[PDB]
Amino acid sequence: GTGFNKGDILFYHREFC
Amino acid sequence: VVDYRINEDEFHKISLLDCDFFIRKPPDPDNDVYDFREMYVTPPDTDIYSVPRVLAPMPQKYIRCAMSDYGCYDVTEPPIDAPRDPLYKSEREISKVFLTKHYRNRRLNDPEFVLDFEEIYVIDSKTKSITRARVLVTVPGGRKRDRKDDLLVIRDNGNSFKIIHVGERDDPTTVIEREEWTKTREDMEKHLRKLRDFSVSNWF
Amino acid sequence: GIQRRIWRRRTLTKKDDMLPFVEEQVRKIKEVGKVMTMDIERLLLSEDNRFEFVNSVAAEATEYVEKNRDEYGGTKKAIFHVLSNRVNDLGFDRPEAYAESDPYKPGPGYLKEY
Amino acid sequence: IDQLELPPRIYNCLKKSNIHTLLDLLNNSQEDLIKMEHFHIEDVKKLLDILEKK
Amino acid sequence: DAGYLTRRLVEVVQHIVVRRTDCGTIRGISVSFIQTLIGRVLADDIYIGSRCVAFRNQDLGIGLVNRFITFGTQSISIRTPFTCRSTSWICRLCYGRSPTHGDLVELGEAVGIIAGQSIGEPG
Amino acid sequence: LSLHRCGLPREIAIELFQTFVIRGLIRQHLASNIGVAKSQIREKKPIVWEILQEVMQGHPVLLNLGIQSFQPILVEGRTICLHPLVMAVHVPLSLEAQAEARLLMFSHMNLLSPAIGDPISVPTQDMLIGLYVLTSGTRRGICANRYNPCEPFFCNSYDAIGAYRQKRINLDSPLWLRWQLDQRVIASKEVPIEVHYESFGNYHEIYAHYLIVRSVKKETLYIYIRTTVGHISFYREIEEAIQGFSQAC
Amino acid sequence: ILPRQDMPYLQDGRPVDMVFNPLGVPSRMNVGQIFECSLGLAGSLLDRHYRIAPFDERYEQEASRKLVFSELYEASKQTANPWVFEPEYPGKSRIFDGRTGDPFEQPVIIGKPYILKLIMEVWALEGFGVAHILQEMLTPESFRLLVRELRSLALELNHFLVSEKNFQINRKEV
Amino acid sequence: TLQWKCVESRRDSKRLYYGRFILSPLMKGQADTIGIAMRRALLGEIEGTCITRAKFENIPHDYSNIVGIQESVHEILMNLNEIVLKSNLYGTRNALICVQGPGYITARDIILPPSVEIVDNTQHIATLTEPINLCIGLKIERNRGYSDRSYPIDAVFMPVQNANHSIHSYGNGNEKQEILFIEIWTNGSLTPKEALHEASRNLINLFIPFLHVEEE
Amino acid sequence: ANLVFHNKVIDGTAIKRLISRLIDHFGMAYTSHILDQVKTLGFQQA
Amino acid sequence: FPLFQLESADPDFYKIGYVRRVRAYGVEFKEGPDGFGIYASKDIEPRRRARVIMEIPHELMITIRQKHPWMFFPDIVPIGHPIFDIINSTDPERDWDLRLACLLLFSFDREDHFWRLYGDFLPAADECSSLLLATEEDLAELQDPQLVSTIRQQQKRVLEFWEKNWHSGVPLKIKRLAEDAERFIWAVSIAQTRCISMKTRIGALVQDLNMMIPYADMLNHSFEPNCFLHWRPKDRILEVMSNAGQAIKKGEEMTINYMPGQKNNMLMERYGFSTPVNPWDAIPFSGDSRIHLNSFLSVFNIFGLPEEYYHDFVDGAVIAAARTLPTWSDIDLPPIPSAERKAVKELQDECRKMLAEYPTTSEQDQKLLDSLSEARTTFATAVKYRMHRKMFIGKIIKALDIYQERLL
Ligand SMILES: Nc1ncnc2c1ncn2[C@@H]1O[C@H](CSCC[C@H](N)C(=O)O)[C@@H](O)[C@H]1O
Ligand SMILES: [Zn+2]
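Protein chains in written order, with this note's numbering: chain A, 24 to 40; chain B, 222 to 425; chain C, 11 to 124; chain D, 3 to 56; chain E, 38 to 160; chain F, 32 to 280; chain G, 2 to 175; chain H, 70 to 285; chain I, 4 to 49; chain J, 955 to 1362.
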C-alpha cells in the first residue's frame, strides 16, 4: 500500500561613480 | 444467383433485416415509380444478386407506390466494456415492407392524392419473397366509393388487411386493452383448470 | 483554393440526431462535501498508482503546516487545501480548502442542529 | 427614476424591467437597455443626456 | 469453523504483494466460463484468419470474450497466478484487472490478504 | 445521512477530539494555556462546542468493510447515528493517516466488492419494496376491465407529475406521455399489434407500450409512451441525480 | 421520537404511539404478535382482558383466528367504530399521514400489544493498503517486552539495519 | 421579531422562475405546520389560466391532418396545451387564431380577451406550408389546481411548477430557534414572490370563516 | 444523460444490475450520489 | 458607472463533439481563409502545473497500430470485411498513411461513426495544403528538385495503391469508399496532414498508434508551442495541456509541435506547409570561412546546449543560423575581430550567391501571394515554401551583420 517501496561576488564590486 | 452485378442506382434499394430488395426504378422526379418486371434480392450489404420468390401476380406496367416499413425496435442494454460505453442501444429491425399504390398513380403533391389500399405489395425479409396482400373491404360502396373515408387496418404480423370506414377507428388504448384482456383471460382459465371444482364453477 | 479573400465556411451539412428543479439537490451536494469526492476521482484519473498519490498529498500537506502552522486545524484543513490546490492547478476553480459556512446563523453562540 | 424627468415611454420600459432606483439604472449597461423592447439606440442619447444633466 | 479457516487462508498468502509490473513469464494457461476470462491478461496473440483480434499482454474485456465465442477461437492462453515467475510475489499482468477499481491491479496491493478475505468471508 | 457521513454525540466527540479542541482554544486565544483550556471543557463553556464543530469538519474517523472511514458531524442526543447501509472509533492523528482515511477508506471509492466485483450498497428491505411498488405499473387485461373491450395525454413528464400531486391521477393509473427523445423504452421486441393507415398517407403504429405516428408524405415521427407516473418518477429521479451532480461539480 | 401531530393516526383521529417495521415478521416467522395486537385493541375498546391457554387449536381449526375476529367485530359493533373490523380486510384499516393528512395507500394492521422496556481489523487495514493508519493503531513496547521474555530462554533477538548506501550494519536499540 | 426575506431569485427563461424565501425566528414545531400548509396552497389553491377547448372553423373535414398544416390536429392540441397564460378573468372567455397562410403560427398570433396576457410569445403552435387560412376558436378559463366539434384540452392548472420547504434548527443552550425555507418554481405566469403572497392570502381566507358570527 | 427508460418493474436483481452499469459508465462518485437519491426515493414510496 | 461607459466556427462543430464528451476549456474554434484554428477565448493564467485545454474521448478517434499486426482502436472493421485485406497488403514501414486512409474512407461509410459528421469539417480537395494534391505546375513553384521528386514518388505510390485495390472486380462495399483516385488521394492527404502518432496504454496494452484525433487535428504547428498532447490511460482521453507556468493571452493561438527537429522540407512533405522561423532549417555552406560559435550565441543571447538552443530580432531563424553556420570553438580561445570579419564577409557573399539562384526574391514572392485571385492552395503553399527559404537566407545575412558589429 502506502508503505510499498519506502513510501557573494558582485557585491562590494560596483561602479564608484 | 445471377452471373452479373446490377447497377444499383437504376433500382429502388429496400433494406430489411435479412435481405436487400431491389426493384427497377424508372426515372421520375418523385422517385416513387416502380418497375416490378425486374427484381432482385441480396443478403444484406452484399452485391451477389438472385431472383426473389414471387407469390402473386406482379404489375406489368409502371405504378406509383408509397413505401412504409413494418417491424420492431430492438432496445438493448449492451455490456459496458470501454469507458463511456452507452447504457442502451436502440435499433430498428424491419421484417416487412409495404408498397401501397397511389390511386390512379397520382403524385403526392396532387390535391386529389389518395392511397389505393386495394393494391398493396408485401416484401418479407424472412422468406426473401414478394407477394400481394389479400385485402378485405368492409366499407359500403364497392369499387366506386370515396377513398378519402377508408382506413386500412393491418394485424397478425402483417398478414391480415382490412379496409374500414374512418369513423370506425379504434382508440389506441382499446387496441392495447383488447390484446391484454384476451391473453389474460386464457392464462387465468389455464391456471384455474387444475382445480378439481373447475367444471362446476362460473366465470364472472 | 485562394480566392480574392473569400473562402468556404465549413458546416455540418449533415444531420446529427444527438444534437430544472435540481437547486435543492445541488445545494445539498455542496453542503455534504460530495464535490471534493468527484475532484478526488478526477485527480486519480491522472495518477498511475493511487498509493503514491496518497503519499504525495500527505507530503505536500506536511509542507503546508510547517510553512504556516496557525492557519490549519480549524476551518481550513491542510489536506483539503492540498486537494483544492491540485484541482486549481488543472485550470478549474474551487474554493480554498472547500471551506464553506452557513450564512443564516442567528449570531454567535448558535450551533446548527442536525 | 420617478424623480428624473424621463419621457413616459422610457419610464414604462425601466419599470417593466424592474429598474426602480437611480443606482439600478446606472448598473445597467448600454447594450442591456437596447435588449429591452421599445427602447432603442435613439433613446440612449436622450436618456444619457438627462443623466448627463443630472 | 469459518473464522479458523479464514485465519489459515490469510496466513498462507499474507506475504503476497503486487511488486512488479511484468515478471516476464513466457508460459500461459490454455482455456477452451466467461467470468473466468474477464480481467485476464493474454499470454499470446489470438488470430481469426490473418487478422490479430487481440494482442499479447492485452487484458480480456467482455467485448473480446464474446468475439472468441462467436468465431472459431479454440484455445486462449492467459496469464494467471499459476504462471508468475515467483511464489513470494506476483506481478500486475499475471494477476490482471482489479475488481474494485476496474483498471490493472496497482503496485503495492496486498492481493494475498484480499484473496484470503474473499474466500473466508462467504463461509 | 449521506453515504460518507456519520453522526457523533457531543459526549463522545469531545473526548475523541479533546486535543484538537484544546489547540483550537489556544490558537484563537479563548484559553491562555493548556490548564485553562481543560477547565472550559470541564465546565461545558458554550464556546467549546463552537470549536468542536470547527475541528471536526474535514477530519475523518474510523468506525469499527467492517471498518470504514466517515466524515463525522455533531448530532443531538447520546447515540451514534449511522446511515442505513452500515463499537470502536479511531481518530487519525498524523497527516499521513488522515490522507489514507479520506482517500482510501471512504465509503464511495469502495462501491465494488473484491470477491467478484459486485456492488456493495444495493438498496434492500424497505428501500427495495418502495422501488418495487413505485415501478409496478398498471393492472392489465382481466384485472383492469370487468368486461372484454370487444386515458389522459400529457405533453411532458412534469405535467403528468403535477397532475399526480393534485390527486388527478393515481400512481399506477395508465397514461400516454408525449416523447421528444429517441426510442429508448425497454420493451418486448414485437411488431405492432395494429397499424391504422389513413388514405391520405399518415399511419399509426400501435405497440404494446407505445404509439408511433409516421407518414409517407412528411418526415414526421411522433412517439407516445403508455406508462405510469411511477415509471416517470423513477426515470426522473436518476436523471435529475445525474444532472444535479454535474451542475454541482 | 416524533411529535404526536407527525405520527400516523387512525380513523378515530388518535395518533399511534409506536410504528414497527412489518418486514420483521415474515423473516422471523412470529405470527403470534399479529394475533396479540388485534386482540389487544378489541379488549381495550370492550373493557376486557383475555387470559388464553396456549394451543387453542386443539378445540378446532383456526381457533385463534375465530377468537380474534369475533372479538374485533364485537368491539366494532358495540363502540360504533367500523374501522376496528373491516370485512374487506379484518384486522387492518386505512390510516392517515400526520404530516400531510393524506391516507396511506394500503390498509395497515393496528393494535394495542404489550411492549416491555429492557435493561481481522488488521487484515482489513492491510487489504486497503493504509500502512500509516495501521502503524498508528498499533503504536515499541510490544516488541521490546518480547525480546526480554525470549532472553529468559537463553535466546537473543537482534534487529540489524543494513544501509543501502555504504553497507554498514547498525544494531537497533531494542 | 418574525420576518421574511427572499434569499435567492433567478429567471432561467420566460417560463422558468425560481425563488427561495426565509422565515425566522420560529418556535419549535411551527415551521413544519407552515411549510405543509403553504406547499398545499401553492400547488392547488392558486388559480391559473389555461386553454381548455379548441374549435377548428372553416369545416376542416374533421380529419386527423389538415391540408397545408405540417402538424396533425392532435399535435396542434398538444402545442396549445403548453401555452402559458395569465389573466384576471371571471368565468370563461373566447380567444381566436386567424392566420392567413404560410409561416409560423405562435402564441403571438392569439387574439386575447381583455385581462388575458401571454407569457412566452415564441411558443410554437403550427407550421403552415400552403397559404391556407386557419381559424381556431379557443376557450380560456381560470381555475384552481385542486378543482359542437370542439376538441377538449385536458389542461393541468399549475402556475406553480414545484414547491418545497426545509427547516434549520439552531440552539444556544436551552434556547431553541428554527428557520423555515420555502422554494417556489413558477412557469412565468407569476413570480415566486407573488405566488408566496397569494398562497398566504388564500390560506387566510380559508380560516376566516371559522371566525364568522351571525346576525341575531 | 442517455439513460434507458425502464417501464415494467424494478426488483432486487434489476436494481443491482443497474447500479453496476452506472458504476462502469459514470464512475463511483456519480453512482454514490445516485444511490443516495434512489435510497431516499425507495424509503419515501415504501 | 456602467451606463456612462477569423470567424467563429460553425456552432455545431463543437456541439457534435460536446454531446459525445468532448470538452474544451478556455479556448474556441475559429475559422479563417487559411483554415481552422484553436484560440484562447480568455486570459489563461499560469498555474503550478499544466492546465487542461481540451479532452477528447478515445471512441471519437481513428487509430491503428504503428507496428504489425494491424489492430484498430476502437475496433470498427468487422471480421471478414475486405477493407482489412487492403490494409493488410500494405508496406509496414512506408504505407502507414495508406492504412489510415483506408480506415478514414471506411469510417465515412459507417452510419454511426463520428467521422461521418466530423468529416464535413475536414478541408476539401481544393482546400487541403498537402502536396499529394499538388499539380505538376504547383511543384514547379517549389524550386527544390529534391522535394519535388519526393512528392512525385508519394503521388505515384498513392495512385498505384488505389489502382491495384480499387479495380473493377472489387465488391461494392469497397468501390463506394473511393470511387475515383482523387477521393483516395484526398484521404491519404488527410491521413498525412492530420495523423498524430503517440505511445498509448489502453487497458494493460502499451503500443504505438497512428491516430486521427478530432478537435486536436485543429491545433496548428509551432516550434515554440504553448500546448502539448497527453494521453490519459485511465479513462482513455487525449488531453491537450498548456505548458505549465506559461501565461496565454486571450486570442492567442493554441499550438503543438507536430515534428520536433524537422526541417521545412519535411514539414512540406508531411503537412504541406513551411515556417520561416524553423529552428532546424539548414543551408549548405562550403566551410571555408567559420565564425566563433560562442560569440554568435552570446551576441544573440542564445543559451543551452546545441540540441536545445533557446532565446532568452532573434527568433527561430537565428537559432537555425547558429546550428547551420560554419563554426569553430577552442574551449575559451577568443576570436580575433579582424579574422572574424573576413569570415562574416565571405559567409555573406555565399548567402547572396544562393539568393541569386532564385529567379525572384522574397518580397516579390510575398507580393505575388497578395496578387493571387485564382490560385490553388498548393500553389500558394509552394510559393510560401521558397519565400520562407529566401527569408531564412536573408535573416542569416542580417544576423551576420549584427554579429560582426557587436564583436567590438
Ligand atoms: N504553422 C502553420 N503554418 C501554416 N500552416 C499550418 C501551420 N500549422 C498547421 N498548418 C496547416 O494545418 C494543417 C494541419 S491540420 C491543422 C488544422 C487545419 N488548419 C484545418 O483547418 O484543418 C496542415 O496541412 C497545414 O497546412
Ligand atoms: Zn507474473
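Treat the hints loosely; a few may be bogus.
[Claimed, not checked] Subject to a maximum C-alpha distance of 27 Å in a straight line, what follows is the list of computed BS3-like cross-link-like pairs (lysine-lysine):
(1) C:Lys25 <-> J:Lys1352
(2) B:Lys347 <-> B:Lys310
(3) C:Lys115 <-> F:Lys76
(4) D:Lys55 <-> D:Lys18
(5) C:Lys40 <-> H:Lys262
(6) F:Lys198 <-> B:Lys310
(7) B:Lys282 <-> B:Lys383
(8) C:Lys24 <-> J:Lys1021
(9) F:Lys248 <-> C:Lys24
(10) B:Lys347 <-> B:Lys369
(11) J:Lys1110 <-> J:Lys1188
(12) F:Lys76 <-> C:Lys25
(13) H:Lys155 <-> H:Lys208
(14) B:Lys310 <-> J:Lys969
(15) F:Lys248 <-> B:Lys246
(16) B:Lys317 <-> F:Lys220
(17) J:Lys1321 <-> J:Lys1217
(18) H:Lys208 <-> C:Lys38
(19) D:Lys37 <-> D:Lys17
(20) H:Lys245 <-> F:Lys76
(21) H:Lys208 <-> D:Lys17
(22) J:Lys1307 <-> J:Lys1217
(23) F:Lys198 <-> H:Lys262
(24) F:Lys76 <-> C:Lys86
(25) J:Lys1021 <-> J:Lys1296
(26) B:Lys234 <-> F:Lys249
(27) H:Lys83 <-> J:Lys984
(28) F:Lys75 <-> C:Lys115
(29) F:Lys249 <-> C:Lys24
(30) B:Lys369 <-> F:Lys75
(31) J:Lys1188 <-> B:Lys234
[As the list claims (entries may be wrong)] From chain F, some residues computed to sit far from chain C (all C-beta separations above 12 Å):
(32) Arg36
(33) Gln71
(34) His90
(35) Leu105
(36) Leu159
(37) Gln197
Quick caveat, the hints were computed from the structure, so don't treat them as lab data.
The beta carbon of each residue, even a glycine, is placed where N, CA and C say it ideally should be.
> So which of those numbered hints doesn't the model satisfy?
Replying inline: 1, 6, 8, 10, 11, 12, 18, 21, 25, 27, 30, 31, 32, 34 and 35
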